[PDB]
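> Now for the letters of each chain:
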Amino acid sequence: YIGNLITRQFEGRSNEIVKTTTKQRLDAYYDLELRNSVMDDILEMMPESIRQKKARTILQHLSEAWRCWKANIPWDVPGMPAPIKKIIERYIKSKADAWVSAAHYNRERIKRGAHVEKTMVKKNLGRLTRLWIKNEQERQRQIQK
Amino acid sequence: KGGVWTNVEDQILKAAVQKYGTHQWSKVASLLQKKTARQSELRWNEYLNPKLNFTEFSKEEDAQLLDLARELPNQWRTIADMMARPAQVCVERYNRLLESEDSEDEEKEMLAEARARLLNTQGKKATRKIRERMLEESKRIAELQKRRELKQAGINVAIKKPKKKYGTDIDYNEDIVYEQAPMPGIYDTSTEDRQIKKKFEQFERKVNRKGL
Amino acid sequence: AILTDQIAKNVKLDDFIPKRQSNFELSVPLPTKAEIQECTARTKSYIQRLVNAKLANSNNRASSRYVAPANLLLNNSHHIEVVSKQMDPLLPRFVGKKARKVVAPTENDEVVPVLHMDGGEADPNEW
Amino acid sequence: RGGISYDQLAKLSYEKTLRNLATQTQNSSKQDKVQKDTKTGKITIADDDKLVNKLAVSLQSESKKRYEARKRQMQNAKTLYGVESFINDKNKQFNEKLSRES
Amino acid sequence: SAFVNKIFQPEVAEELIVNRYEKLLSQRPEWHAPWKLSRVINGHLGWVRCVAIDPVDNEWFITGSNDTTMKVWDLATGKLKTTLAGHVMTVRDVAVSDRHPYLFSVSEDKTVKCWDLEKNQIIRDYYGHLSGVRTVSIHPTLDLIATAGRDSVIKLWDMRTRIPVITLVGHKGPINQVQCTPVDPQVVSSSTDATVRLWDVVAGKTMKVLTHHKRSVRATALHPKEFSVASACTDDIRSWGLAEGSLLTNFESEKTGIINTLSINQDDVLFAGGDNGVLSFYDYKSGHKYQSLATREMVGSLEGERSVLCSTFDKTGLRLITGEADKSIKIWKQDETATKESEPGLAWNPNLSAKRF
Amino acid sequence: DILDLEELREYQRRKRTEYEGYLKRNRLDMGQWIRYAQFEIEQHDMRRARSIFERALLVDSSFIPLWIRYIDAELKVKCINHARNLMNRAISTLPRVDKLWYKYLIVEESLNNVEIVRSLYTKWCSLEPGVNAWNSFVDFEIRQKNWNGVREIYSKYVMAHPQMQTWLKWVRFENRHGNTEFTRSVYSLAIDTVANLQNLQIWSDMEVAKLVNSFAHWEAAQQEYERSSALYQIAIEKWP
Amino acid sequence: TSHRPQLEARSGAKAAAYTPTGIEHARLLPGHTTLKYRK
Amino acid sequence: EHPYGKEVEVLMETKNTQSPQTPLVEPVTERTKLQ
Amino acid sequence: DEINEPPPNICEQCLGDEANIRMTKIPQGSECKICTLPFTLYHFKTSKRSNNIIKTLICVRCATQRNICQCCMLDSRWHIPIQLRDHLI
Ligand SMILES: [Zn+2]
Ligand SMILES: [Zn+2]
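As given, the protein sequences belong to chains A, c, P, I, O, d, S, C and Q, one line each in that order. When the letters of the first sequence are read in order and numbered with the entry's author numbering, they come out as residues 725 to 869. When the letters of the second sequence are read in order and numbered with the entry's author numbering, they come out as residues 9 to 111, 145 to 253. When the letters of the third sequence are read in order and numbered with the entry's author numbering, they come out as residues 28 to 94, 100 to 151, 156 to 163. When the letters of the fourth sequence are read in order and numbered with the entry's author numbering, they come out as residues 92 to 123, 142 to 211. When the letters of the fifth sequence are read in order and numbered with the entry's author numbering, they come out as residues 95 to 451. When the letters of the sixth sequence are read in order and numbered with the entry's author numbering, they come out as residues 36 to 275. When the letters of the seventh sequence are read in order and numbered with the entry's author numbering, they come out as residues 3 to 41. When the letters of the eighth sequence are read in order and numbered with the entry's author numbering, they come out as residues 67 to 101. When the letters of the ninth sequence are read in order and numbered with the entry's author numbering, they come out as residues 3 to 91.
Everything labelled a hint here was simulated from the structure, so no lab data went into it. A hint or two may mislead.
Negatives, chain d to chain I, calculated, CB over 10 Å [stated by the list, open to error]:
(1) 39
(2) 74
(3) 82
(4) 93
(5) 231
(6) 232
So, partial list: chain I residues that the calculated Cβ filter (under 7 Å) puts toward chain d [said to hold, decoys possible]:
(7) 98
(8) 101
(9) 102
(10) 105
(11) 108
(12) 112
(13) 160
(14) 161
(15) 164
(16) 165
(17) 168
(18) 169
Note that the Cβ used here is the ideal one computed from N, Cα and C, for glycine as well.
Could you put the whole structure together from the sequences, leaning on the hints where they help?
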């Protein structure tokens, strides 16, 4: 402890500090992955000659589409190049599986009562009331079909 | 206290949804005094939505309505999605179709507040950045004319450099910053370097005398 | 044809063309057993000299557990005996060592040609 | 229809500069080497002082024409459309972009 | 003969567009038996992102996934041995060592983790990646690991002392695939700057830069014999000859789009997993597609999910294991009782219009 | 406005501190690089003004407008040898981009250095680039009146692009000039090449009909109907 | 503004030219000092 | 209902067959110990 | 490269007349006068009974780029200062 302290006094602290992932920045890093994978699979299917300008637009389509999945809006972009619609539906189903599994995983953890945060109880109430109304809206639709 | 909708408040709400979106209803009720974000949401989803269907009744619609209201008795939110129409209009016509068998003084200030709020998009951070940028240039313009007025007296006072924030802060003016020289080529740029240097020293001689 | 070579010397046509297209049975041999050992023994000696540099420079005393007097200076006139100073174990070793940040210049002597192929390209206005 | 690919547009703008260069030579008609170094590998090309000026003036003048063409296009773009409500120039600019998408 | 060299006098007599085409008609590709589906394994709660096989023997393969786990599957029966937790985020590469019983696994939680395969617990672990890592390649005969990820630098780890010994700095984008070879050039890397670099880890700099791909070089794979690597961008697969960096051959990869994975058999069956779900088998020597196949997605799943994400052959070479984005594992099996007749595959028909050759 | 050099010297510091701050946080955004590079041209300091483009090329060397602007920046200040070295690096880095090849041309066109574009064209057509290049190269020698040189080009151009619209482009060249002795020699070479390279299957049935007809209608204009008739029987027997 | 997505990740090229610190971390202490080899 | 050519077997695996403390590689013992 | 480093560039008149000179190496001694970055400080004495330690003030890279010794910073050939050298050329 004191060997680190005095060498920090005599040399400063390191510029190369890299932050490992923890519980607080888990969903934030899961975003930065999910942005980059959709960046690659769409920048590989473009014709040729654009990199920086479509990245703004096409990831805002993802963020809008992820909101529409969370809201059970069907997310119809009117004229959309159908391979890109295949991509954005694919990763949002991928993010759906992580989002739904963490909702089941934390709900079993709360019922056991084994060290859940005060915030995570409200976050899990939010995710399950999304999923209960989705199950309700699905049940209304297949009754009407 | 449950008020009626004036056509003034009707135009604020349409301009509100046009900027804020259909989900930010408490943003809408902030512009809209006396009205609720529930009430704001309710009118846009029952009256003001231009997707809605306020028109005449074809006989197909009237035969479809009397079918649905017989098959789905009293399910008007259900029938109005089948008819793709608003619901209380759908009830109003079903009331009428069965009758066939017969035997600024204040508002403008609200509008002036709403007109200013919709046209101001920045927040604290951008407006403060604007203000600090104007005040920084005002300090700069003051300091330059100081040196000119002292130069009117003949006494020369140099411009002070900005203070270093951190240790290795770079004076970009002092040197070629990160001098990436071009790759050494074959076509012998020897006379061309002499003519830029002669032109660049000529340009510095003109700024001392005529001043750009 | 006064300067035939000096245009784009680093690119040729031979770099574009495949080599298995002349014969599908061209032999590219696996590396021989005498050749992998000359490369393993050079690399293992270089990496072990790097791990010993990392451990001996760390201030942990428990790092020597896991691990030259001669260079003619000018020429022919001076033979120099190079020794090490027995440092005070309380004053910090590596006195000129601080956590400072440097930006590095990129040394480029040659341009790598970006050897794509082709000029389809028809755009259906879509995308 | 379609757009023009960057090979064809490179060729067409190449031809336009050839036609303009030919009309400069025609107008100049109406109005009337390589040494390599021994010490270094550096190469020296004897040039007239004219046609270097003429190239530099042409590139500046083409830049002026395109600058003022876009500037006049800026003037038209902010004077034509006034139907939709906006907040700034960038609102009308972006809503011209949504009109182009239709 | 080919009169061309009598009339059209050339300066090389190989660099004409016809002379090359005449030779290429003359040779024939080796016939390879077609492949068919054998077994479909489900089980993961997310996608499958990486599959590695056991080097010594063939009982098991480990299937690094998108539900952050790693499941161990028996190759023979298809059953599930055990599950390896210990990554908070999804697993991007898995590599098993032949020399010693360690499974190196890596994720995009910026962690490189060893596993004792005698004890099934995490060993050491590695630290130093600025961003989420995508590749592990275990060096044979030196006890190193090459890991690379979004940092654009390859970190050469020592196994014993947990020190990132050499760091390789050449790239301009995230690095997608890294392979370790036993002689110079020791590390073969592929990143999204459309380059493949041949490294010199003693000098710590690039021997050879390969800029032939148009786009992100997403997958490479080493040939178990013949000392060559094959690299795949979005639509062209190029077999590279190491120790020269020479372009051996250009495959008929055209019309494939985003090839996720590559695998090379001992029999020169090359695999190219498609993001469209179309998986194509190429003869490695000639570069000829001889089979193209499309999978089924699932009972109910999305139409974009039909895509192959990762692949390997076993030690024998008669099994192809593909982990796909439909949350499943498919085991592809080379079809016996198929003679040259009955199934020659696709016809050896080149065109000079596509100038690939 | 700036009155003396010291007010200029403070003016340059505040902008360079501004632009380098946005370029430090955004290594990308090539438009920001050029506008700060354009600023140093307005300050007439070309040594700095080269360096921002060189630093911008180390970020993204595949961005073509960055190449064209820095080429044009050396041209506008009359530094032609700085542009010749730079254009050499532009084509040697990116040989596929046609614009970098055409940019080297029209400058050497504008200097009337005809031997240098010819040496450019010989190298650029050695890399087998495409039909847009050779067509601009046969259009160059028409401008230079070198009729022996342009005949040598089509000799190579059919051997870069073996297809009838390259052969028939060489016959529209010769029939534009009326040299009958050369024209049928082109015709003889075109039809023999289809015959001897028959097994290669690189000219389709519609493609070879155009050669036989454009051979035959030419001979009818040369008043020799018996040769124009005789080749029809040979072509139908060679291709039934 | 002030709340941005990444255009690129932090590259390891810049951290390679810096000078090291030699601070002693808890997880870089010597542990599992012996490799086990397969038969 | 037959999700593949019906030659292909579909198996849904939810639990681990062998225990986690099963070694997964045999530990190499060169000398037999009776301790 | 911290394990492969050039020998120091020092003058003949810095080393003096004697044959064997005992030099002390410190692997990260002082930082450079010019580049402000650390290096291997060599220091030595001309004779054994001297009273002046002759240190290397600049690193080998700054001594290479100027072609000067590390101790007295004179040019390695001609033994003249840098300002007089660049004026003679
Ligand atoms: Zn120095
Ligand atoms: Zn000296």
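> Output the numbers, in ascending order, of every earlier hint that fails for this structure.
none
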